[PDB]
Structure formats: structure tokens, C-alpha cells
Amino acid sequence: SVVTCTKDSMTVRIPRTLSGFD
Amino acid sequence: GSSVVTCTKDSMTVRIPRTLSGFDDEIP
Amino acid sequence: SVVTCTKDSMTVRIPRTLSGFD
Amino acid sequence: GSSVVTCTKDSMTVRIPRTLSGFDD
Amino acid sequence: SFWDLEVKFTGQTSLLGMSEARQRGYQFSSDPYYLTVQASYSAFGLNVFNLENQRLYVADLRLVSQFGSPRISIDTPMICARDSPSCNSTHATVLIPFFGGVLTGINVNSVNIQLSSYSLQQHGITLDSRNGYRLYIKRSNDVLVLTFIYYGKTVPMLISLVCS
Amino acid sequence: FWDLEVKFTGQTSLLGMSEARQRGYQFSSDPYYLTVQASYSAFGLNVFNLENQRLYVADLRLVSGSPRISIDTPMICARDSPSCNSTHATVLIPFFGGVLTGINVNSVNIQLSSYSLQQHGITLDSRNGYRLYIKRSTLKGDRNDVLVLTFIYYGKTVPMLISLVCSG
Amino acid sequence: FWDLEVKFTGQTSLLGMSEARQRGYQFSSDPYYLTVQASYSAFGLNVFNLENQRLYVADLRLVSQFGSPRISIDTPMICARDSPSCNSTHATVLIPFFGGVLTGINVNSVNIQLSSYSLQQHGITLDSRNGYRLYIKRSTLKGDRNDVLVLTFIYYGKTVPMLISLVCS
Amino acid sequence: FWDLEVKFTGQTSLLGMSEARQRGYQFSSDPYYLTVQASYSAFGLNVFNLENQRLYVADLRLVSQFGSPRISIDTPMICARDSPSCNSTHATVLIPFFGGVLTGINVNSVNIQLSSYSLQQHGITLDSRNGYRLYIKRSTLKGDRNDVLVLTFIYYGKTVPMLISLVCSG
Ligand SMILES: *[C@@H]1O[C@H](CO)[C@@H](O[C@@H]2O[C@H](CO)[C@@H](O)[C@H](O)[C@H]2NC(C)=O)[C@H](O)[C@H]1NC(C)=O
Ligand SMILES: *[C@@H]1O[C@H](CO)[C@@H](O)[C@H](O)[C@H]1NC(C)=O
Ligand SMILES: *[C@@H]1O[C@H](CO)[C@@H](O)[C@H](O)[C@H]1NC(C)=O
Ligand SMILES: *[C@@H]1O[C@H](CO)[C@@H](O)[C@H](O)[C@H]1NC(C)=O
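Protein chains in written order, with this note's numbering: chain A, 5 to 26; chain B, 49 to 76; chain C, 5 to 26; chain D, 1201 to 1225; chain E, 4 to 167; chain F, 1240 to 1407; chain G, 204 to 372; chain H, 22 to 191.
Derived by calculation from the structure, the hints in this document are not laboratory data.
Think of the CB as a built atom: it goes at the ideal place given N, C-alpha and C, for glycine as much as any other residue.
There could be a bad hint or two in this list.
If we take Cβ atoms under 10 Å as the criterion, some of the chain B residues that face chain E in the derived model are [what the hints assert, rightly or not]:
hint: 1; residue: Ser51
hint: 2; residue: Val52
hint: 3; residue: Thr54
hint: 4; residue: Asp58
hint: 5; residue: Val62
hint: 6; residue: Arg63
hint: 7; residue: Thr67
hint: 8; residue: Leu68
hint: 9; residue: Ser69
Listing some non-contacts, in silico: residues in chain H with all C-beta distances to chain F over 10 Å [as the list claims (entries may be wrong)]:
hint: 10; residue: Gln58
hint: 11; residue: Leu66
hint: 12; residue: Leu71
hint: 13; residue: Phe119
hint: 14; residue: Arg159
hint: 15; residue: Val169
Between beta-carbon pairs, the in silico distance windows are [stated by the list, open to error]:
hint: 16; chain 1: G; residue 1: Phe269; chain 2: F; residue 2: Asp1269; range: 44 to 52 Å
hint: 17; chain 1: D; residue 1: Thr1208; chain 2: G; residue 2: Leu217; range: 37 to 45 Å
hint: 18; chain 1: C; residue 1: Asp12; chain 2: G; residue 2: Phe269; range: 38 to 46 Å
hint: 19; chain 1: E; residue 1: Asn115; chain 2: G; residue 2: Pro234; range: 29 to 37 Å
hint: 20; chain 1: E; residue 1: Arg58; chain 2: F; residue 2: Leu1253; range: 32 to 40 Å
hint: 21; chain 1: G; residue 1: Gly360; chain 2: F; residue 2: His1359; range: 28 to 36 Å
hint: 22; chain 1: C; residue 1: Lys11; chain 2: F; residue 2: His1359; range: 24 to 32 Å
hint: 23; chain 1: C; residue 1: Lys11; chain 2: F; residue 2: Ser1346; range: 18 to 26 Å
hint: 24; chain 1: F; residue 1: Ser1257; chain 2: E; residue 2: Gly28; range: 32 to 40 Å
hint: 25; chain 1: G; residue 1: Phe269; chain 2: H; residue 2: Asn67; range: 32 to 40 Å
hint: 26; chain 1: G; residue 1: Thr292; chain 2: H; residue 2: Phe118; range: 56 to 64 Å
Using the sequences and the hints, build the whole thing.
Take a look at the structure:
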């Protein structure tokens, strides 16, 4: 959920399970 | 019940799998 | 420039002359 | 109306008309 | 509200919060393995077509998250022939009006007919596709799945093969 | 001449002038301004609702053509705002992807300080969208009542002018 | 699988895994995360600039190739690569106006209210004349390689938190 | 009011007026036009070579700083800097296949139909087999400072008229 910023790359990790409703 | 529309006399139902797939590094 | 909202329509007017350089 | 690239051996120049073209003349 | 329901209706899109969608006739259930979206036939934004006493309900739905960085949008269109099949004698009939969806697969009882060594006729199904899709299924539990390609989305429509 | 791009359901559709005029958009040229007009029935509108109050969003772009200009001309409009009772006129803005940065009431910028808002007779609730509770006395009670809500929406400044005449 | 759709210079383009991997993107699967990584030389990056600090913005989306559950995942990237610039007492983060509205500030897992008094108490001053100009007090930090800044923007309808180390380089 | 977007090698660089002026571009304000000039040493030019003739291509787009209306103006620059190369009675323009498709030909303010007969009526022989090569009859030119050639290109969907004086480049 956050963009990781280093001097060489931009990295984002996205959960593989979708959130429920209730 | 897997991305298929299940039609009934009163309602329509779809089931969306919660687990997302990969890209070329699990099953290329 | 600005969105005008009425009972029936949404209207926007844009100037025809392009702005300059600072 | 139009915007052309003017090319000399030393520079590249484009002039853009400031007034936008209308919807129906 | 984790997710918003996007309904395409009359050439426009309405974004509905979870509570508003429930108010307007949709239901939402969550399993460990599936997200469940249900729409009652009275739900908002449903498109209804008629061919011969058989109605096709089309919902152009998309769940759109209210989340932050991962704004996930999932197309969950629903297509249902509510009244199919009509049975008289020696024929159960399923009627699908032309609605912009492309019939790409017919599946009867876990048997994909496009991937089968037998033909549609050998499965006892007769298809007329001049004025919509008409399936004539000989009468002599069972379920039928009709797969559609609709606006780039593959929509399997499962119905039971009981006589209404 | 121009074409009308409409972002609708995740895809962008380009319409010609005639097709857009058929599908609910209008175009007009005077010496000073180009004018775009849309009904609330036009093609491609994304509508948001907050307790029966609809917020119409048109993501439109005019595209020309050696000078290939593209102009973003989005429209945001709270068609049913403000619903009124005896004491307050209430503007309900649903969350729709635009960031509220500017509030103006009858040509008076307020700078979005909750303290100065409360002092100006406005209550702003951000829990379920933007809920503006305006004092009907603070309004002139004429056709000259105005509300401008300025949003940052997809890298654009979109001032929404609505009349603070009670909903009908 | 997933394909990468890239919004670039106003146009939308779909990129396969092979093209993206050749052109500076990486795709990896974790038992818990799908990980997308972009090199600053990657295709379709837009490079804003405020003073000598660069902000790289990629408007990216993961589109499933399996159309039955057609899934679209916006994965926008906003990074101030050269931030911060430091001086004797202040570390300065310079964000140009790039389409993102600064909505939250986080320093070492502490969310700071955008009140002028709260920011000043936390040693932060914010200038909004030409981009967002953050001047961060070095004293309030907790050493070197131990401080993280998350600037949350609202970027074209997506809430994008940008995590950067507040190291002086 | 405006910024200059330089689109090079898969990325875009958003340059203020000052920084663009430092990296090789220029901007002037005129009541009638908005003018952008670039030197052949500007930052972000794509340079292509066909025989002895060089083709510079800048993928430039003016993006407004002001946000109330947001305007982006495609102003791509394409220039055959060393064109034309006369020998005695023939003026030759050579364009490498750089991804821009030849769409129009205008000589001395006269649009020409893209056909063999029409071209040679106006003194032009066009070969598109190995890049775009035009062999124009100097006898059909005025032989002045005002001989001009305009070639319209479709460049990734953009219309790009390229005005080069038809005076030998030496
Ligand atoms: C480091 O830089 C910061 C920001 O430029 C300086 O802090 C400001 O300095 C000015 C004077 O130049 C004061 O008027 C401000 O009150 C200071 N605080 C701000 C702007 O938040 C700081 O002095 C610099 N330190 C040096 C050069 O040693
Ligand atoms: C039942 O309907 C089928 C469908 O055309 C028809 O062929 C058949 O003759 C009908 N039989 C009776 C008894 O109605
Ligand atoms: C009118 O609406 C405002 C909005 O919050 C409320 O505070 C007030 O009590 C209402 N007055 C009535 C219902 O008489
Ligand atoms: C001059 O150039 C033309 C083509 O550019 C060529 O056909 C002609 O033969 C040349 N003149 C000579 C070789 O004397």
C-alpha cells in the first residue's frame, strides 16, 4: 500500500487477497 | 461458483475468488 | 474555467486565446 | 489554423496560433 | 465501505456506496475464498430484454474500491435468463435475445461442449442464432452454463435445467 | 474540428462533434470563450449520490490538425444541492476522487479553517463526504446566492458554482 | 497473468511482462504480496523537478489477462529520488506540484496533523507557493538510516503514500 | 504559465521556462503566436542519419502550469538540418525511416497530389524504397532565397509540417 523509494528503484507490494465486505 | 453467474428465480449471484494470481514467476 | 451548475445543465467556458510565457 | 516546424541549419522553430479554433466557424 | 458498486445504466455510470447499493437491491457477502455479489431482479440499473415470455437480465456492474494506493476495479457483470427453460413436451427451450454478448461456450453438467469429442447435436441441443439464441433441449438436478463474451468480459451464466 | 473524449467505465471514448451533440453535449463559440454544455442525461456521465443528492462528473477533453491541442474540461455538479430545512441549507458532496481545497460563499473566500468556518456559520462534516451546513440567514435569500467549492481533481482545479437556492 | 497498462504523456498503453522486464520493470510474486518494482530508467516515467530534487511519477495499472474475473489494480508510483537535501540544521524535502495533494505527513510511524502549530512543534515548515517545500528539523530525527518519511498524496483519484528515508546525501 | 515537456527515451522531463532555456529551448510571447525555438544541441533531441543528411526530432509538448483549464499542446519538432544537397540541376532531400510517414508535399506554397504524375509535373521524383528520397528539379525551382519545401509527416499520430528552405546546404 506504500511506494518504496530508494536511490535506484520504486517498489510497491500489493496483497494477494482481496478484502471482504463485512 | 467461481466467476460464474448463478441464476435463480429471485436473484443473480456471482462469486469472485479472493486470491489474486501471479505473473510468470509462479506458473509462466 | 469554472463549472456552472443549474437545475438542468453543467456548462464550462474556456478562453480562446492561449496564455503567454513567464 | 496551422502550426509548422520552421527548420534552419541552426535552429528548429514552431509558431502556435494563440486563438483556439471554434466549434462551428 | 470497502467497495463501491459501479452500475452502467442508460449510457451513464452511477457509483454506489455499499449501503446505498444494498438499499437499491444488491447484496454483498464475503467468504474466505470468494467475494459474493448478488443482485435481486428488482435491483437498480438492471437491463431487461424479452424475446418470448423469457427475460434476460443484464447488469453491467463493477466493484470499485475506496482504498488508497491499490484502487482495484473488478468487472462483475451478471447475465441471467430468469425464465429459461420453457418445457412443453420433448423440448426444453432456452431463449437468449441478442444483447451485445457473444455466445462463446455451452456447458451442460460439467461437460464443456467446445472441448468435447461429441457435437452439440450429439448432446441433444439445437441452436438457432438468426434472431437471438434459441436452444432446443430434448426433455427425455441438471444445470446448464452459457458462457458469453460481453464487452471484453467472459460471463458464464449458470441456470438449472428444470421445467418452469 | 474538435472531438470529445469521454472517460467512462475505465475506458476513454472519442466522439465527433455531431455525435456528441446527438449524445447530449453542446458546443458554442463566441469571440471570447469556447463553451461546452452538458445535460445531466449526456453520454458518459459518472454520477455519485449522497443521501438522494446527485453529484454528476463529466471527464471530458476537447481534442483537435497540425496544432493538436487537448483541453481537459471536467464538469462537477451537485444537481440537487442544497436541500433545505427551516434553519439550514445543506450541501452534501459525495466522495468522488476530488480533493476539496477551496470554499467560497457569495464571493467571500474562507481559506478552509474549521474555526473561521464555524465563526462564519458553516459546519463541515468530513466523515461521510463533505456535508456543508449553511445558515439560511447568512444567505441573502435571492437568486444571487452562490456557493463555489474548489476541488483538485486529477491534476486540475475545478471550481463548482452552484446556487444556494433550496432544492426542487 | 497480469499486464501493465501505462498512462504516459496522456496515452494509455498495455505492456506485456517481457517488454516491461526489458524496459525497467520487475514483477515478483510473494505468498502474501504481488510486488511491482520500477527502475528510474523504466519506460513511461514522468520526471518533475523542484530545485535540484527530482520527483518521478509513474501512473501504472495491473490489468488481468483473464477476462472472466476482469480485475484492474492501479499501482501508481510517486518518488522524490533526491530527497532530502540537508544543511547544518535542516533536512529539506522538495516536492514539485505534480498532480498530488499532500494530505498526510508521517515521520517514523507518527502521523502529524497539518496544523501549522503541530507541524512547527514537530519541527516541520511547509511552503506551498511553488510545490510543497518541507524543511524538517534534524534534531527531532533518531539518527541515521533510522528515519522514514511518508508523504501521502491524492494523485488522480488514488491515495499514494511515498516512503523515503530521510538520510542526507 | 507553460512548461516544456521533453519526451525522450521512454520518459518525460517537465522543464520550467528557466530550466528549458538552460537545456536548449526558448520561449517567446507574441500577441499573435506562441513561439518555441530549439537549437540542434537541445536536451532530448532524437537524431537520425540518412547518408549525409541528419534528421533531428524533438517530442515536445507544452503543458500549462495553471490548472483551472489544463492544456497540453503537441508541438513536435522534426528537421532535416542538412537538407537539401544539390549537385548541379537536382536538389535532393533525404529522410531516414524514423517512424514518421510522409503525408504531404508542398513546394513554393503549392500543395501537390501524392502521385507519380503530379509529383513529376511539379518537378519532383520521390523514392520511398530505401527511406524517403526526393529529387527535385532545380530548373523547376525559382532559384531564390524563397524556394521552400514543406513535408507533412504522421509521427505517432501527430501532424508535423516541416518547412525547409530549398537553398543548397553546401
Ligand atoms: C537550512 O535551511 C533552512 C531553510 O532554508 C533554514 O531555515 C530558515 O532560515 C531562514 C533564514 O535564511 C529563516 O528566516 C527561517 O526562519 C528558517 N526556518 C524555516 C525557513 O523554516 C536554515 O537556517 C538553514 N541552516 C543553515 C543555512 O545553517
Ligand atoms: C414442443 O415445442 C417444440 C419446439 O419447437 C416443438 O418442436 C414440439 O412440436 C412441441 N410439442 C408440443 C407437444 O407442443
Ligand atoms: C435543520 O438542519 C440542520 C442540519 O444539521 C440541523 O442542525 C437542524 O436541527 C435542522 N432543523 C430542524 C430539523 O428543524
Ligand atoms: C545529380 O543528382 C541527381 C539525383 O539527386 C542524379 O540523378 C544526377 O545524375 C546527378 N547529376 C550527375 C550525376 O551529374
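Evaluated hints:
1. Interface restraint check: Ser51/B against chain E, minimum CB-CB distance 7 Å, threshold 10 Å, status holds.
2. Below 10 Å, beta-carbon pairs count as interface contacts, and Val52/B has one with chain E at about 4 Å; its hint therefore holds.
3. Given the 10 Å rule on beta carbons, the hint for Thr54/B holds: about 5 Å separates it from the nearest Cβ of chain E.
4. Of the supplied interface hints, the one on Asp58/B holds, with its beta-carbon coming within about 7 Å of a beta-carbon of chain E, less than 10 Å.
5. The interface hint given for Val62/B holds, since its Cβ lies 5 Å from the closest Cβ of chain E, which is under the 10 Å cut-off.
6. The beta carbon of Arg63/B comes within 4 Å of a beta carbon in chain E, closer than 10 Å, and the hint placing it at the interface holds.
7. Below 10 Å, beta-carbon pairs count as interface contacts, and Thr67/B has one with chain E at about 7 Å; its hint therefore holds.
8. With a least beta-carbon distance of about 9 Å to chain E, the hint placing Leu68/B at the interface is held under the 10 Å criterion.
9. Evaluation of the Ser69/B hint against chain E yields a violated restraint, the C-beta minimum of about 13 Å exceeding 10 Å.
10. With a minimum CB-CB distance of about 17 Å to chain F, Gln58/H clears the 10 Å threshold, and the non-interface call stands.
11. The beta carbon of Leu66/H is kept farther than 10 Å from every beta carbon of chain F, the shortest such distance being approximately 20 Å.
12. Consistency note on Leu71/H: stated as away from chain F, and its beta-carbon is indeed over 10 Å from all of that chain's, at 24 Å minimum.
13. Even its closest Cβ contact with chain F, about 18 Å, leaves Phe119/H beyond 10 Å, as expected for a residue assigned away from the interface.
14. In this structure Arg159/H is separated from chain F by more than 10 Å, as the shortest Cβ-Cβ distance comes to about 28 Å.
15. Distance check for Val169/H against chain F: the nearest CB is about 16 Å away, which clears 10 Å, and the non-interface claim stands.
16. Judged by the Cβ atoms, the range 44 to 52 Å given for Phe269/G and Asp1269/F holds: they are separated by roughly 51 Å.
17. Checking the proposed 37 to 45 Å range against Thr1208/D and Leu217/G shows it holds: the Cβ atoms sit about 40 Å from each other.
18. For the hinted restraint 38 to 46 Å between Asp12/C and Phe269/G, the CB-CB distance of approximately 43 Å keeps it satisfied.
19. Between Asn115/E and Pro234/G the beta carbons are some 31 Å apart, a value that agrees with the proposed interval 29 to 37 Å.
20. Here the CB-CB span from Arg58/E to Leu1253/F is close to 35 Å, well matched to the stated 32 to 40 Å.
21. For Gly360/G paired with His1359/F, a C-beta distance near 30 Å keeps the hint of 28 to 36 Å intact.
22. Evaluation of the 24 to 32 Å hint for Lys11/C and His1359/F yields a pass: the beta carbon distance comes to about 27 Å.
23. For the pair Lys11/C and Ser1346/F, the beta carbons lie near 22 Å from each other, so the given range of 18 to 26 Å is met.
24. A hinted range of 32 to 40 Å for the beta carbons of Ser1257/F and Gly28/E is consistent with their spacing of about 37 Å.
25. Distance hint check for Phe269/G and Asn67/H: the Cβ-Cβ separation is about 38 Å, which falls inside the suggested range of 32 to 40 Å.
26. A hinted range of 56 to 64 Å holds for the C-beta pair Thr292/G and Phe118/H, which are about 58 Å apart.
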